[PDB]
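Colleague: Chain by chain, the residues run as shown.
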Amino acid sequence: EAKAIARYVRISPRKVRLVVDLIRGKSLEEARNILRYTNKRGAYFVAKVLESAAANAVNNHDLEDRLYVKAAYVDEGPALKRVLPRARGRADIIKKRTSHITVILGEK
Amino acid sequence: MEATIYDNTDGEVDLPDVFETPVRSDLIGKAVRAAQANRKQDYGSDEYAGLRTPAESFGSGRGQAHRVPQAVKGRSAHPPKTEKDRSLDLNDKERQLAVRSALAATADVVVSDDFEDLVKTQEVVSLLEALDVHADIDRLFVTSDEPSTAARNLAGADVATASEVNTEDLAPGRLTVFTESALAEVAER
Amino acid sequence: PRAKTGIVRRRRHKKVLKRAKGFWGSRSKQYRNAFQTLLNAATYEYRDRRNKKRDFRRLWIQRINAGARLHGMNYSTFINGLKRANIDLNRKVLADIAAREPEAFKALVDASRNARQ
Amino acid sequence: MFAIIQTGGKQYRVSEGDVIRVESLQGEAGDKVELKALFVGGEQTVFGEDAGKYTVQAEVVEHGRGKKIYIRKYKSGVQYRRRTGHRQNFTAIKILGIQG
RNA sequence: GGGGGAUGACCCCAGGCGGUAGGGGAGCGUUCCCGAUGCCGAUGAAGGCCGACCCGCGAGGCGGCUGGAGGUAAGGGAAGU
RNA sequence: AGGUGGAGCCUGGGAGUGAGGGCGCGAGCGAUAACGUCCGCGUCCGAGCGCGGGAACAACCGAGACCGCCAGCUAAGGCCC
RNA sequence: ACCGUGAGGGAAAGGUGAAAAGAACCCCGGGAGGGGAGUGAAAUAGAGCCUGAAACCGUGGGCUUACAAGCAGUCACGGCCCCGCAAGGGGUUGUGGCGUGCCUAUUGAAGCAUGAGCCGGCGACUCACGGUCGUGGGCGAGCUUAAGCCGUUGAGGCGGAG
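So the protein sequences, as listed, match chains BW, BF, BU and BV. Read in order, the letters of the first sequence are residues 2 to 63, 65 to 110 in the entry's author numbering. Read in order, the letters of the second sequence are residues 1 to 7, 11 to 69, 79 to 120, 138 to 168, 193 to 225, 230 to 246 in the entry's author numbering. Residues in the third sequence are numbered from 2 upward in steps of one, following the entry's author numbering. Residues in the fourth sequence are numbered from 1 upward in steps of one, following the entry's author numbering.
Keep in mind that the hints were calculated from the coordinates and are not lab data. Among the hints, a few may not be true.
[What the hints assert, rightly or not] Cut-off 35 Å, straight-line C-alpha distance, at most; resulting in silico cross-link-like pairs (DSBU-like, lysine-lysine):
(1) BF:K85 to BU:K107
(2) BU:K5 to BW:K83
(3) BW:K97 to BW:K72
(4) BW:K83 to BW:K41
(5) BV:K73 to BU:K19
(6) BV:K68 to BU:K5
(7) BF:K93 to BW:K98
(8) BV:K36 to BV:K75
(9) BV:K94 to BU:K84
(10) BU:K15 to BU:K53
(11) BV:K75 to BU:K15
(12) BV:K75 to BV:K10
(13) BW:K97 to BW:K83
(14) BV:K10 to BV:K94
(15) BU:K93 to BV:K53
(16) BU:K5 to BU:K54
(17) BF:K85 to BU:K5
(18) BF:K93 to BU:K107
[To be verified] With the Cβ distance kept under 7 Å, some of the chain BV side facing chain BU (calculated, not the full set):
(19) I4
(20) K10
(21) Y12
(22) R13
(23) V14
(24) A29
(25) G30
(26) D31
(27) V40
(28) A51
(29) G52
(30) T55
(31) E59
(32) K75
(33) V78
(34) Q99
For every residue, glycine included, the Cβ atom is placed at its ideal position computed from N, Cα and C.
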C-alpha cells in the first residue's frame, strides 16, 4: 500500500470532497473510470493524485491492480483571503480556500 | 569572652559586652532591608508613546466606541514610572543598631594586627591552610584602617576597614575576620 | 514586571474542559457555556446531591407496595402494625427482601398482619 | 451466610462480603478486629425470627481497613453569583461479616 | 467560648454556619531579587500532550508520550498577576 | 425581680446603600376603584430567605439550606388514578 | 508599504540546523506538488522549514439514532464496548425521576431588557509627596535633611539649620 497527495491545491475543498466520497474506497482501475468519465472539476485533479499514487507504489511501494483505495480524504488550509467591493466603503473579501488531497492506494 | 587571638597558638582576647548581648532578628533583617534598598535601581515605560500620539477616538452612533491606553502596546496603565522614588533611607540609630546585634550574630574571628603585613595572595593560600573549613567558605576579609593588601584579591574578595564594613557587609549568612583596627569599628560600636 | 499570565489561563480552561465530559453537541469544548453549562450541571448534581436518598425513600416505596399489598394490605396498615413492634423496627432492606427471600419476608408479613389484627 | 442486623445506621443485608461501614473511630482502630453488632433481622438458611426476638444475640466482624472516600464531587453552584467546590467524604473502615 | 492542651492533637456541649453591597481573618498558583555555612538536567531544563495518588480549595506530586535547550529555589523580599 | 444565657456600653479604624416593593392591619387621599400612590405597627424579599406546598407562581401556610444518594418520626399540605 | 489634495496618519512582518551537508538521480505530472534514495542524532527539523496549544475543517473506529423535547442536564436502572492502578471502574446512553440558560442594571427577571457568534493573547484600585489610624520594632527626649568623605562587591560612616 502507498499514497498520493498535494496541498497548495487551488479548489473547493468541499467540491473536491464529493470527488472521492465517490471513487472512494474502491478498485483502482475501476473508479479510474469514475473520474475519467464522471463530471465536476476536481476530477481531473483527483485523477492525477491517483496516478502518482498507483505509481509510487508498484514503483517504490509495490502487486499492481489488486490495488485500490483503502481510504481517501481532503483537507483545507491556507486560504486566499480575497478583496472585493468596498462595502462600497468597507472591504469584503472572500477566500478561495486552498485544498489538500491525500488518498490511499493499497493492494487488495 | 572567647575572644580568640589569631597567630592560634598565640593569645586570646575578651568578648565585649557589646557583641555579647542577645539578638534582635526584627531589626535584624531591617538593617538588611534598608540595604538593598538605597542600593537598587529604577525603571519605567514610555511617556511619549504611552501617551505619545494624537488620537481620533471615533465620533460614535456608527458601530464603534470612544491617544490613551487599552488597545495595544500603547498606554501602560501605571507601569515602571521611573519617577519611582526608590531610595528608602533607613535611619541612623536604626542602622548602626543593626550591624550591632547584627555582628552579635556574627560572634556565635580575630585578626592579629601582625597580619596587616603579609604581602602575597599566596600567603593567603597560607594563613589559610592555617584554619580552613566551610565557614571560611563564607569569609570575609577586612583589615583595620587600610585594607589587607593582596589579601583583598582571590576567590572571596571583600576588604572592609576597621571603619566601613557593616551588615550589608558580612551580616549575611557569612563568616569572616577583622584586623584589630577592625574591632576599631567596634569603637564605631 | 512582565505578567504574560500565559500558559496559566489556558490551563485553567483545560481545567473545566475536563469538568467537560462530552455532554451535548458543543459545550463539548465550549470554552464557555462550556465553563457555564458547568455551574449549571453542578448545583444541579448538588440538589441531586441530596436528592436521590429521596428517589429512594420512594423506590423501596413501591417494590415495597409490590408486596405490602401482595399478601393483602397497605403501608398504613403494615406500618401501624409494624410499629406495634417492640424489639424490631426497620423498613429499608425490608423490601429488597420480600423479593430476595420470599419466606423471610412472607414471615414478618405475618407476625405483622397480626401485631395488627 | 446472609444476615441483616443494623448499625448506627441500617447499612445492612450481609454475611461475609465485608461491607464498607460507617465511621466509628473508637472501636475501629482495631485493625482486623472483633466486635458485636446487635441484630434484629434473623434471616439464615430460610429461617427467620423477630428483629426483636434477635435483640439478644448477634454477630461480629473483623475491623478490616479504613476505605478512603470513594471519589465524589460536589459542584456547589448557582446563577446567583455563588460557586465553590468540595470532594467526597464518607469512607469508612471496612470489615467482614463475622456471622453467628 | 470554655474544661487540660506537649508542638501536634484529643474529649464534652454550648453553639450556630443560607447570603449580593460591604467589613474583619486565612490560603493559592503567576514572572522576578535572595542563592538567610541553597544549586537539579542529554538516562531532558521548560512549555506541550494524557491520567481512577495529595488538598475543603485555588494547586500539588507523580507516571506514560512530545521537544531542544534551561533554570529550580527549602525562605523571606518585590510586583505591569 | 429575673428564670436567661448571650445580647449590652464607651473609645477608636474601615464601610455601604441616601430612591424598594409585596401582605395583614390602623388611618389619608382616591369613585373606600387599580398589581394606584401616602404615613404608620409586624412580617415579608432581598439576584437566592436557596426547599415544601398551593398544578405551574419571589412571594401567601410550614421551613431556616455546613456536608453524608440506595435510615426513622412529623409540618403545612394530602392519601380512586 | 498604505488611506489623506494637504497639514497629517502611520502599519504589519523575527526564530531550520552544529554547519547547509539545502536535497544530485530515479518515479506520476503541463507544472506545483506528491513516491523513493542520500545528508542525518531527529526531517510529523525540510525551506517562511524551533516550540509549533485552542477555535475550526477532515479520515477510520467504539457506542448511539425514525410514535420523539431541551442548551442543560443531573439522580436511578438496564444492554453493548475496553478492564496498564482487574470481582472496581472507564465510555456511550434506553427509559424514567426531578429540573427555566449566563452575565450587568434592577421593587422584581427565563428572559421578550441589555451584554456576548467562536477560540487564543492585551485589558483595568497602581506610584509619589503629604496626612491619617493600626501594627513590627529601636531609644524616651526620640529622629533625620541637603552634603562632605569612603566606595569589582563597589562597605556605609561622619553631617546637628531644622
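Colleague: Measure nothing beyond the straight line between the CA atoms of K93 of chain BF and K107 of chain BU; if it is 35 Å or shorter, mark the hint as holding.
Modeller: violated (87 Å)
Colleague: Mind checking the CB of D31 of chain BV against every CB in chain BU and telling me if the closest is under 7 Å?
Modeller: violated (28 Å)
Colleague: At a threshold of 7 Å, is the proposed contact between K10 of chain BV and chain BU supported by beta-carbon distances?
Modeller: Holds, because the Cβ-Cβ distance from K10 of chain BV to chain BU comes to roughly 6 Å (cut-off 7 Å).
Colleague: Is the Cα-Cα distance between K73 of chain BV and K19 of chain BU 35 Å or less?
Modeller: holds (13 Å)
Colleague: Answer holds if the nearest beta-carbon of chain BU is closer than 7 Å to that of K75 of chain BV; otherwise answer violated.
Modeller: holds (3 Å)
Colleague: Given the hinted pair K10 of chain BV and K94 of chain BV, is their Cα-Cα distance within 35 Å?
Modeller: Since the Cα atoms of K10 of chain BV and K94 of chain BV sit roughly 15 Å apart, the hinted pair holds (cutoff 35 Å).
Colleague: Is the interface hint satisfied for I4 of chain BV? The criterion is a beta-carbon contact with chain BU at less than 7 Å.
Modeller: With a closest approach of 6 Å, the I4 of chain BV hint holds.
Colleague: Take the shortest C-beta to C-beta distance between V40 of chain BV and chain BU; is it under 7 Å?
Modeller: With a closest approach of 5 Å, the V40 of chain BV hint holds.
Colleague: Using Cβ atoms only, decide whether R13 of chain BV comes closer than 7 Å to chain BU, and label the hint accordingly.
Modeller: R13 of chain BV check passes; min Cβ-Cβ to chain BU is 5 Å, inside 7 Å.
Colleague: Verify the interface restraint on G52 of chain BV: the C-beta must sit less than 7 Å from at least one C-beta of chain BU.
Modeller: holds (2 Å)
Colleague: Restraint: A29 of chain BV near chain BU, CB-CB cut 7 Å. Satisfied or not?
Modeller: At about 28 Å, which exceeds the 7 Å cut-off, the nearest Cβ of chain BU leaves the hint on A29 of chain BV violated.
Colleague: Could you grab the alpha-carbon distance between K5 of chain BU and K54 of chain BU and see if it respects the 35 Å cut-off?
Modeller: violated (48 Å)
In this structure, the earlier hints numbered 1, 6, 7, 8, 16, 18, 23, 24, 25, 26, 31, 34 are contradicted, and the remaining ones agree with it.
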